[PDB]
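Single chain ahead, written as structure tokens, the form deposited in one PDB entry.
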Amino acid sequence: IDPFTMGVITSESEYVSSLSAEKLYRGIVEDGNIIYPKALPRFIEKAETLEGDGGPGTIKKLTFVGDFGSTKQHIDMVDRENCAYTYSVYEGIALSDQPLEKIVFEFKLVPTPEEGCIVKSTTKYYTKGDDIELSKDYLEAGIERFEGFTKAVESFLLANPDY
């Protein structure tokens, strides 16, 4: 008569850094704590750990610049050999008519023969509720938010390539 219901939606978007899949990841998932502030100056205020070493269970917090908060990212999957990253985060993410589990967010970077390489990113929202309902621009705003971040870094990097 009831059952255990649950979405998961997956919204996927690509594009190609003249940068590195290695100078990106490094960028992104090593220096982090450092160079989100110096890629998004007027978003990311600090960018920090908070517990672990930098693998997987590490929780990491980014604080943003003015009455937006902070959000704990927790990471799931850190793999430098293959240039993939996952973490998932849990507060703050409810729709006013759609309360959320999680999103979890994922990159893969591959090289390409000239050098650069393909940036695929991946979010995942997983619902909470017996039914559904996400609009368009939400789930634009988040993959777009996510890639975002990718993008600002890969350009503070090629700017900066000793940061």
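Residue numbers count along the first chain shown, from 1. Superpose the two forms; the largest set of C-alphas matching within 1.5 Å is the rigid core. First, how it differs from the form deposited in another entry.
- Taking the core as reference between these two forms, the lone member of 94, 34, 50, 132 whose Cα moves by 2 Å or more is 94.
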Contents of the next structure:
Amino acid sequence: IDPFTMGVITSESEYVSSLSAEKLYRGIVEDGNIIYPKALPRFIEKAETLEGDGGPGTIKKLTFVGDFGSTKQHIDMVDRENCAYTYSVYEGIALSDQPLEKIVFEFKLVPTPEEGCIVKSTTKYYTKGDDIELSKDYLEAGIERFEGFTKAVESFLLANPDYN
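I have the form deposited in one PDB entry already, so could you send the form deposited in another entry?
Only a single chain is listed, so you will not see partners or other molecules.
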């Protein structure tokens, strides 16, 4: 009687990039503050880090083009060595007026013998126990926006190898 309930919905998607794991990781994680407005110019107006040096515990902020507000990313795991990166979002337009406690975004790049890499995207949606009602359309739009974000940075680096 009167139990504790919580749901975790996990979505996974992969694709094969020709870009090396190190270069893609570097563009997304280390140089994202510079890359994002140039790689996603119709979405990201500005990318900055509010607190921290980039390691676990860092808070970055993407401010959107026009009048769409902003989103704060809470960096959780950072692993340059294995091209693994993880962060959480607790509020924002990523949540899209659904009953969510948080969203975790996970990203892992695996080298391929051709010096490409496999891009592994994961989203985890955390829901309280009164309302476990998430649209199958909504769930896959989130992973699709996230993986598409990666593809846009991949597109940018492929076209601009020498962006300093």
